[PDB]
Amino acid sequence: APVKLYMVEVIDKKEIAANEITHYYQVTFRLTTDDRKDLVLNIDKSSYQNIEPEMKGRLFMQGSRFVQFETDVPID
Amino acid sequence: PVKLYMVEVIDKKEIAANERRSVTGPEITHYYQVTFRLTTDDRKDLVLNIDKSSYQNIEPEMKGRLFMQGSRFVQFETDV
Amino acid sequence: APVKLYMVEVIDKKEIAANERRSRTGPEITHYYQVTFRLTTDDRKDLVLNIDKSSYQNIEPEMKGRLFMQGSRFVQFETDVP
Amino acid sequence: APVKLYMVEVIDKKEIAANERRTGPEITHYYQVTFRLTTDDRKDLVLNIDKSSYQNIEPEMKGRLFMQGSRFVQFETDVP
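Chains as they are written, first to last, in the authors' numbering: chain A, 2 to 20, 33 to 89; chain D, 3 to 24, 29 to 86; chain B, 2 to 25, 30 to 87; chain C, 2 to 23, 30 to 87.
Quick caveat, the hints were computed from the structure, so don't treat them as lab data. C-beta: ideal position from N, C-alpha, C; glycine also. Don't take each hint at face value.
[Said to hold, decoys possible] One-sided excerpt, in silico: chain B residues whose CB lies under 7 Å from chain C:
#	residue
1	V11
2	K15
3	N55
4	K58
5	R78
[Said to hold, decoys possible] Derived EDC-like pairs (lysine to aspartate or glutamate); straight-line CA-CA distance at most 16 Å:
#	chain 1	residue 1	chain 2	residue 2
6	A	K50	D	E65
7	B	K15	D	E65
8	D	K15	B	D48
9	C	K50	C	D85
10	A	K14	A	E65
11	C	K15	B	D48
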C-alpha cells in the first residue's frame, strides 16, 4: 500500500499499559472533512509527546499504520 | 430473544482503530457505530457497532424500529 | 483525594447502553447511568457524572441538594430534606 | 472556507465537566458560550471554546465572532 494523506484534528491521547506485557501510545485523530471518521492509532512514544489535543494538521498513514503527523504551527 | 425499540438516530460515526501490535498495518478493526435514542418515556441511548451495509442506509434524524437481540444490533427499519 | 461539596440541582438523567470495541469473553457492552448536575451557586458549572445503577434509580430531574464528589468521581447526592 | 465573520451578542456562558465513559477516571472540560446572530437570521450558536477566550467572555458583551466552518476562532468585542 502507499502512504495516504488525511486532514485531521487531534481529539484524544492516552497511554494504555495493556496486560508484565505491553505498553501503548494511542491517540485519536478525527477526520476533519465531511466523512465522519475517527482514527484511533498506535503511534511511537516520541511522536506522542509532541502531539497535543486540539492540534489540527496532516496525518500520514501507510494503510492502517501511522507514519507521521505535521501540525499547522502558529506563524506567517 | 429479540426486543424492539422505537428509536431516533442521533449520531453516526466510523472508527478505524489499531489493535494489538505486529507489516505496514498493525491489525485493525473498523467499527460503524450509530447512536440510537429511545422515543419512549425512559431516557436510554443505544450506542451500537453495526454492519457496514446497514450503517450506510442509516442517517441522523431517522425515526423507526430498532431490533436488538440481547445487546447486539439486528436491524433498523426507518418508518418512512 | 479529598471530598468536596457542591450545592446542586438535577437537570438531566439518561441511561447509555454502549457496545464496547475489541478490548486489550467476546463483545462486551457497558451500561452507563449518567446524570447532569448544575451548580446552584453561580459558578456557571455543570457536572455530567456517571454514577452507579442504584443511585441513578433514586435521582430525578429538578431535585436540589448536596452533591459529594471525590475529585471527579461521584460519591453521593443528598436531596435537601423537606 | 477561510475564517468567516458574524456580528453577535453573548447570550450565555457555562462550564461543563463531564466523566468520559470508556489510567484513572477521565474528565473532559468544556467551555461553551452561547451567541446570537444579532444582524439577521436563526437560533442561537452554542460553541465550546478554549479556556483562554472563555474566561474573558461575559454575557451581554456585544462584538464580532470569527469562526471557521463551524468552530470557534476568536471573539473581538468592541471597546468598553
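Hint check results:
1. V11: Violated, because the Cβ-Cβ distance from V11 (chain B) to chain C comes to roughly 15 Å (cut-off 7 Å).
2. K15: violated, 12 Å
3. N55: This hint holds: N55 (chain B) lies near chain C, its Cβ roughly 5 Å from the closest one there, short of 7 Å.
4. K58: violated, 15 Å
5. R78: holds, 6 Å
6. A:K50 with D:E65: holds, 15 Å
7. B:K15 with D:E65: violated, 22 Å
8. D:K15 with B:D48: violated, 34 Å
9. C:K50 with C:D85: violated, 23 Å
10. A:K14 with A:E65: Measuring from Cα to Cα gives roughly 8 Å; hence the hint holds.
11. C:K15 with B:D48: Status holds; Cα separation ~8 Å.
Hint compliance for this structure: hints 1, 2, 4, 7, 8, 9 are not met, and every other hint is.
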